[PDB]
Amino acid sequence: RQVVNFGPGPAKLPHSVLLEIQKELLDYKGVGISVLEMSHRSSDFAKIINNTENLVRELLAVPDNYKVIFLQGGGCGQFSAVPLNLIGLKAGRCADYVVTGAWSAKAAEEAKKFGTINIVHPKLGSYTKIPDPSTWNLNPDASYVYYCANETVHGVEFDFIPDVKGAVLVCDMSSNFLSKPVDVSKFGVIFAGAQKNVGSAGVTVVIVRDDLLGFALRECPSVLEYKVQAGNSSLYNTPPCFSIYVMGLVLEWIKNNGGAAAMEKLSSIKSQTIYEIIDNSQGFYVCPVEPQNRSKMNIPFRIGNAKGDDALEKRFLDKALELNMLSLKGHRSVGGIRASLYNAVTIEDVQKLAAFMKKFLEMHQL
Amino acid sequence: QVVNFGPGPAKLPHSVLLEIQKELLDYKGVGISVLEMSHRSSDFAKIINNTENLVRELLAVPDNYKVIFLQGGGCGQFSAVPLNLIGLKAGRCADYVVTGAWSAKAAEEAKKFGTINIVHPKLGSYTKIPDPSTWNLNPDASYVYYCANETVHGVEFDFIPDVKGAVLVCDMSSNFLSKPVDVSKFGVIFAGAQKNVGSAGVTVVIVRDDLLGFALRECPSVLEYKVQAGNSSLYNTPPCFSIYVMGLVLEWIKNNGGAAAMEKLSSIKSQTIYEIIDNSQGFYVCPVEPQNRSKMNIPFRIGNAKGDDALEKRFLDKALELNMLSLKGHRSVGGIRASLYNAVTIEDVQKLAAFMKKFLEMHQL
Amino acid sequence: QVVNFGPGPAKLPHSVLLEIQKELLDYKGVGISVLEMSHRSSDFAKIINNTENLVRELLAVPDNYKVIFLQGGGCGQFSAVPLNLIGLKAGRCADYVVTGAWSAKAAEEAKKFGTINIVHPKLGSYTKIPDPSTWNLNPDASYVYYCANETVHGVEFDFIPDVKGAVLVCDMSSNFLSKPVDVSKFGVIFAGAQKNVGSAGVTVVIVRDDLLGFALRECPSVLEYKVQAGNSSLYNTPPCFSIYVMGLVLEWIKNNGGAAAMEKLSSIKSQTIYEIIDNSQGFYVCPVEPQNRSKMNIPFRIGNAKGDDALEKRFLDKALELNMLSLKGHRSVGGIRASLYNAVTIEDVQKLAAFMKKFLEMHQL
Amino acid sequence: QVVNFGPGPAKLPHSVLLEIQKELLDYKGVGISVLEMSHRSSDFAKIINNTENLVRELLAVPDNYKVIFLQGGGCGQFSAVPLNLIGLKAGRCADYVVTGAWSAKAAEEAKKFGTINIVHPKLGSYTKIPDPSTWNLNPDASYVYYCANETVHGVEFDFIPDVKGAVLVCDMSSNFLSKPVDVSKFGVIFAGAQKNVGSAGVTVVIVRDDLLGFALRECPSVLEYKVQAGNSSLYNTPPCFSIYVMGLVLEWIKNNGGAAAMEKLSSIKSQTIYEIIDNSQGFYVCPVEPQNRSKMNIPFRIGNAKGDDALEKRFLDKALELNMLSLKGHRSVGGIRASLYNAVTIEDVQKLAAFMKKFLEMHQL
Amino acid sequence: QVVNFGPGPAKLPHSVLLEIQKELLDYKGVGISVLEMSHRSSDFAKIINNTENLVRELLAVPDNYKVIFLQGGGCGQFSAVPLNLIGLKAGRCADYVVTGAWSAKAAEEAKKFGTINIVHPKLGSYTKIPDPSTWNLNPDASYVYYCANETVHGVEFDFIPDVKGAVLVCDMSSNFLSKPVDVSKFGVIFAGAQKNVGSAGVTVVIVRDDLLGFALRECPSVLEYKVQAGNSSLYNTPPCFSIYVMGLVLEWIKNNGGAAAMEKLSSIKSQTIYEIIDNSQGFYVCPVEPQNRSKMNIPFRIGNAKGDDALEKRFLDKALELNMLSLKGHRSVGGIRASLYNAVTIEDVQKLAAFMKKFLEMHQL
Ligand SMILES: Cc1ncc(COP(=O)(O)O)c(/C=N/[C@@H](COP(=O)(O)O)C(=O)O)c1O
Ligand SMILES: Cc1ncc(COP(=O)(O)O)c(/C=N/[C@@H](COP(=O)(O)O)C(=O)O)c1O
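For the protein sequence lines, the chains are E, F, D, C and G, in the order given. With the authors' numbering applied, the first sequence covers 5 to 370. With the authors' numbering applied, the second sequence covers 6 to 370. With the authors' numbering applied, the third sequence covers 6 to 370. With the authors' numbering applied, the fourth sequence covers 6 to 370. With the authors' numbering applied, the fifth sequence covers 6 to 370.
No lab work stands behind these hints, which were simulated from the structure alone.
Some, not all, of what chain F presents toward chain G, calculated at C-beta under 10 Å:
(1) 20
(2) 260
(3) 261
(4) 262
(5) 266
(6) 269
(7) 272
(8) 276
(9) 280
(10) 350
(11) 351
(12) 359
Over the 10 Å line for every Cβ pair with chain E, so calculated as not near, a few chain D residues:
(13) 28
(14) 47
(15) 138
(16) 312
For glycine and all other residues, C-beta sits at the position ideal for the given N, C-alpha and C.
All chains, full assembly: derive it from the sequences and hints.
Next up, the structure:
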């Protein structure tokens with residue numbers, strides 16, 4: 005029985021990628037050492053981190069006026085780095101935030117340590133929709149505007165780029181990075197933790213417009229300052245060498261599988277398969293997210309009713325584990341069930357979940 | 006062949022790399038990779054808790070000391086230790102002992118968060134440790150910071166300095182677990198894993214549990230000691246594979262005799278090279294005073310104290326021809342540098358010893 | 006490393022070729038090969054019944070439809086369809102729609118068994134589908150025949166044509182189970198397995214149960230639907246191994262999302278190649294109208310519409326160096342033809358996409 | 006341990022299955038399966054040519070005969086033989102020699118294309134070949150048909166009959182290449198390959214090259230001898246894998262001594278069983294007159310001429326317990342039947358003979 | 006791959022054996038082997054003088070001591086020590102400390118040359134060192150003898166016992182040059198080279214120069230200290246090759262850090278094994294008391310203190326299967342004995358440590 009890994013982050017990696025890492029784990033391409041032993045200042049690793057940046061630029065069509073850097077600290081680290089580097093862009097130290105789920109809320113709260121944060125929309129009773137941009141109250145003197153493209157815990161995803169009336173746009177794409185093409189010119193800063201969609205945990209990719217450097221605060225750590233790191237080509241200090249090497253192998257895998265354009269159509273096929281089972285389930289599976297904001301990456305749902313049948317949800321997760329389908333348990337803050345369908349999750353995998361969901365419904369529906 | 010004298014990231018034990026390779030696709034039968042593993046799983050809980058217990062056992066860490074695993078490397082703590090501690094006393098003052106390039110870098114970084122005073126008079130050359138008595142200590146300084154092993158200049162403390170009861174913060178990146186350490190006398194110990202205990206990506210921090218909460222407002226949450234300690238280093242996704250790698254290297258250190266056996270091997274390896282430099286009749290020149298000579302990093306010059314560039318080039322070329330990697334000195338000092346961390350075996354240093362002996366035998370006048 | 010763009014026989018899933026190899030000497034532990042298995046044994050009964058069940062499941066074939074497995078390939082049904090159905094009405098007439106080479110061959114073969122009226126005027130170039138509303142249908146015709154996907158000219162139906170209540174017959178040889186089909190609207194569907202759902206030697210035929218018993222006297226017993234449906238495809242020895250191979254391919258299609266997912270995967274594959282042609286600025290020429298372009302077979306020319314023989318040879322030569330087999334166009338059209346059947350993965354097509362993009366960038370004037 | 010006495014499909018040489026298994030993913034280094042191989046490729050031309058040459062070599066087929074490989078099995082030829090040859094003379098009549106189940110099936114099928122006349126009186130039991138002197142031959146008949154070996158009743162011709170110079174069509178399916186054959190005496194020879202030369206899916210048809218061009222109008226083009234001979238059996242996609250398998254079995258026959266050695270081996274094998282029957286003192290009864298006994302299929306009963314069902318079941322149940330498969334007689338006859346085709350080794354017949362001897366020793370009253 | 010745990014002769018450094026091999030036919034260009042070198046040549050004089058200088062340098066032998074190389078092994082000094090020194094006092098009495106089989110064998114041999122008195126009561130088992138204050142010393146005895154490291158029983162002295170001024174003779178064959186030695190406090194130190202400093206054939210004796218000339222009349226000239234020291238160990242033909250071999254081992258010990266490094270390596274190696282024995286839950290049983298445990302020879306039992314014969318046999322069988330040689334204990338004690346001399350590297354000990362850990366995990370209940 006082969007394992008089906010629906011991991012939410014860290015998540016599943018392509019099997020062929022794990023085969024290459026295992027192959028050259030003790031003698032990387034004849035150099036004689038491992039990537040785990042490789043000096044970050046050698047020519048050998050210089051090609052690895054340069055090829056990784058070249059892949060990020062190619063796959064996302066990143067314009068030449070954007071800097072691509074690899075930092076540590078994960079996504080939650082960028083929750084501090086974005087205000088540290090950008091909240092001083094305008095004297096008021098004001099920043100606008102769009103809270104559509106748990107991770108955009110966690111980021112807005114963290115930004116209050118560095119400036120006056122304002123949520124541009126009236127609070128949502130439940131993270132089940134994106135507030136209409138026509139209802140946003142945007143500060144014209146705000147340094148930037150922040151929003152989260154894909155909410156991992158709640159399954160709410162933007163399928164558009166919001167109009168911030170010309171403001172500096174900041175976006176958190178950790179749970180949908182390189183699942184679809186992006187017009188990078190519309191953004192000021194894009195960041196994404198690699199552990200979810202483009203590699204393994206340890207490294208965070210950040211795409212910064214080159215004219216936004218140099219507004220960092222005095223309290224910004226040098227290792228998180230965009231100007232410092234973009235000047236040293238992500239090599240101000242020792243970067244997560246192995247995680248940048250793993251990321252390049254996952255990026256090379258996306259390119260060989262059709263790039264961002266193909267990942268979007270595949271993400272449609274996978275998410276549709278599950279969403280159709282839910283909508284036709286006659287209430288047996290309950291996804292409260294509204295259809296136009298449903299995420300193609302994370303599909304959280306309940307069983308039985310809108311509040312969730314705990315016994316039925318316990319049998320579901322237990323029968324799914326004996327079938328070697330891991331990490332289907334929803335986030336501990338919402339409970340229920342969460343199916344994550346990142347790039348590495350194959351169509352045959354979603355089919356296994358889809359068949360199990362149809363067989364489980366035929367067996368417990370009333 | 007291949008003998009890796011890397012400064013950091015450095016060589017890993019060949020036994021460790023073999024196990025990482027064996028279970029990269031199916032970690033101990035669970036069915037997934039550690040690269041694929043979730044930090045909120047019970048499987049990674051065993052990994053990160055086993056790594057913590059090894060840090061506590063091998064270093065004899067008291068139970069009133071938190072052990073957290075952060076990101077950002079060494080230079081991350083250059084910003085993390087002031088953000089977490091410079092506000093311990095209202096002055097926002099800190100005493101810094103600059104014995105080399107890494108203590109100077111941390112001293113410069115701390116200037117972003119308060120008043121930073123360098124304790125001694127500025128040295129002309131990082132070749133000696135300013136005697137602890139000539140230290141201009143501030144009684145109201147929030148903490149005193151020094152670097153146990155200066156990787157670029159080869160100046161290592163073989164003692165714990167006296168700071169008149171101040172909380173002591175030490176940077177042991179390039180000598181972590183190379184010798185037993187009295188953790189009780191320290192307030193905060195940090196070390197980047199890539200030099201002597203793991204691979205690049207994760208940093209060990211040992212903090213006395215009564216120094217949390219003095220964090221400035223601008224301290225990022227992933228680097229705030231109080232936050233990460235209260236979440237067992239799981240406030241956000243930690244460098245899972247790096248923590249798993251370190252757990253195996255710590256396991257290797259334990260099986261070979263712990264911190265007690267590492268120190269004895271550190272002396273054998275370091276003295277083997279130092280005997281060659283001292284008996285070299287001026288062919289090899291190491292400027293460090295013998296009492297402060299590092300046992301991990303040995304920088305020296307060839308030909309003269311200023312360095313014979315043409316001679317040092319044939320050295321590094323012939324050394325590369327013999328598959329001895331990363332012997333080139335740091336770019337700010339030049340010359341040669343031999344890094345003899347835990348994974349570097351006695352067999353390795355003997356190869357470097359026989360090579361330096363013959364090279365001197367063929368180029369000295 | 007080989008990328009198989011074969012047009013029929015075509016590529017099989019690597020998963021399927023592996024299980025066929027493992028079980029070649031001892032199928033499921035019964036002691037013998039499938040090649041040695043008797044068509045009367047209880048073991049082959051499970052094989053052919055499962056292969057019948059999968060066809061009914063993956064296409065949603067209603068209960069009033071028979072599913073049989075014949076020999077003779079697709080061209081066998083060019084004679085078996087008239088022999089079985091041209092006598093539905095006493096006139097011995099049949100309406101045929103000639104959109105390419107394979108419907109043209111079927112129309113000429115049917116003239117041996119009756120009077121055949123082609124429903125539309127000659128096209129001059131197989132580049133479009135004549136409008137079904139302009140179709141000259143005979144209300145006394147026994148059936149209406151049409152080829153859903155023309156493997157040589159790349160002309161595919163993206164709809165079911167209205168034949169005004171006439172018994173409808175379709176040649177789905179080259180797009181069988183590449184998309185869902187409303188079987189209720191058809192009278193007879195047939196498809197050679199060697200193009201999309203297995204290996205050569207067997208032909209699947211789907212017949213409405215009231216269309217049996219209209220076969221002419223001259224129809225062979227092994228090709229009479231009524232005879233073969235009455236014996237469950239076992240009137241004589243069936244292609245046992247070829248039916249077994251089909252069952253594994255169908256089981257592979259079911260495990261990958263059924264026909265619904267094949268249609269969307271075929272959209273990704275064909276859109277990737279067709280866009281390279283449209284943006285080629287005349288370097289790649291596909292004369293088929295976009296509304297009728299095939300998602301399975303993409304024939305095109307290089308250089309200009311009539312074809313540059315020099316560029317088309319280097320394309321096929323460099324494609325052969327890269328192990329991209331069977332990309333040469335059919336003998337009657339020449340040029341290039343890429344076949345993107347079910348087993349052809351997205352990763353395969355990307356190798357073709359990168360090669361066509363690089364060839365254009367290197368020879369475009 | 007399994008001993009396969011299958012009637013058809015039958016056992017294949019273990020060395021053939023071993024080679025098919027190892028080349029199944031990468032046939033002779035070309036990079037693809039034969040199941041994926043195009044029938045128009047250089048590789049398959051070499052396969053189908055080698056299969057034809059071995060047929061011509063082992064049977065010594067004269068140059069004025071076409072060797073074509075068809076689909077539809079032997080029952081397919083039951084229609085292809087009349088469709089191609091019943092119009093040879095204007096009367097459209099054919100004379101048929103019914104010696105068992107497969108002659109009667111073929112004679113009845115032929116009645117769908119012309120007037121068929123059995124040349125001999127209806128035999129009360131298929132136990133003897135009517136003396137060729139008794140044959141009532143029509144001098145205006147288009148051909149004379151007879152079955153060489155009746156697989157169900159065990160009646161075999163050990164001579165080429167005299168048909169007064171008429172064109173002779175023979176159904177050698179169950180004794181093809183079990184002995185040399187004077188091909189020059191025949192007009193059409195056909196044989197399903199699943200009994201003694203390969204796997205199910207392909208039929209070998211040897212036609213004298215002047216009998217081409219007499220096919221009826223209703224003959225399917227895939228079954229027309231003239232069409233297929235002009236296309237080297239490549240008018241449409243042929244059963245590629247079956248022909249590849251058939252070639253390997255032909256190579257195995259050639260390496261084991263050709264048709265001459267098969268006749269010597271088939272004599273030793275059938276004698277081993279008949280000797281048990283002839284000396285069984287009525288315990289085993291074989292109704293066929295010994296001068297017409299088949300050397301390939303040995304049907305018999307246990308107990309008495311009509312057969313004791315209680316004893317025959319215990320025989321088959323114990324035989325199945327010993328892993329001896331397909332010993333049950335045909336459904337229309339019941340009882341026991343042993344098929345001893347070329348792949349059935351001498352040790353296989355030795356296991357059966359030792360079992361029959363012990364079974365006779367345990368139940369003979 | 007072979008790991009040599011021999012008790013004596015033991016393993017030699019792989020580098021030393023390589024040099025012996027390379028220059029076996031042409032010792033440093035001279036044109037002859039060492040095996041052919043005349044002991045009276047200028048070439049061999051350089052060799053034996055080199056070996057003597059290395060012994061003085063590594064052990065810090067004061068100038069008032071003679072260093073001589075003799076034949077006869079260690080047992081040769083069991084006779085040579087009484088013959089040379091028992092006449093130092095007219096009583097012909099000598100004190101012998103019996104801690105194991107080698108001091109016991111040395112005490113018996115000493116009775117041939119005088120009245121020998123064992124200083125303590127016979128132990129029930131050679132598991133500890135009798136307390137030095139419990140020693141019954143003869144003030145009129147010529148000398149006091151003891152064995153520093155008992156190879157058979159694993160009892161080792163970690164001190165220089167106070168003999169109240171008497172001249173002290175010590176048997177250091179099992180730990181010679183495994184640690185710094187205060188040579189001044191002894192009268193005669195001897196050690197067979199075949200255990201920790203070379204190959205069999207030669208024995209080193211360190212004699213204080215004021216103790217020469219007390220040899221009895223029956224002392225052979227080749228074994229008299231005054232004779233050999235008077236001819237620089239060249240009274241007769243000395244074991245030329247065994248001295249040359251020994252000189253390379255000494256050169257190897259010097260390049261690896263002298264005796265101070267051999268002391269640290271012995272601590273790491275012995276403790277790695279002892280930690281497994283103390284934590285074995287009685288699975289491994291070392292009978293020696295912790296304060297007298299040898300660091301060169303570790304004897305233990307498996308299963309219980311008396312030893313499970315079947316369990317220890319499967320231990321030695323899998324040890325041989327893993328190419329770990331000479332682990333079987335001495336015949337008088339049985340069980341397992343692991344020898345950890347200077348040439349036995351840490352990797353060798355780690356190999357054994359992992360094997361002992363896995364042998365326990367698969368046999369312990
Ligand atoms: C003592 C000490 N402190 C901090 C660091 C850096 O850790 P990082 O901040 O994780 O890179 C290091 C790493 N030493 C390395 C740094 O080299 P680099 O200049 O970064 O290429 C070396 O000596 O070559 C260190 O030795
Ligand atoms: C749509 C459609 N219908 C019928 C056939 C005939 O298959 P067969 O009769 O089994 O060969 C085919 C076979 N097509 C193949 C035929 O190749 P061929 O021209 O036979 O070498 C092709 O397109 O190249 C088909 O594509």
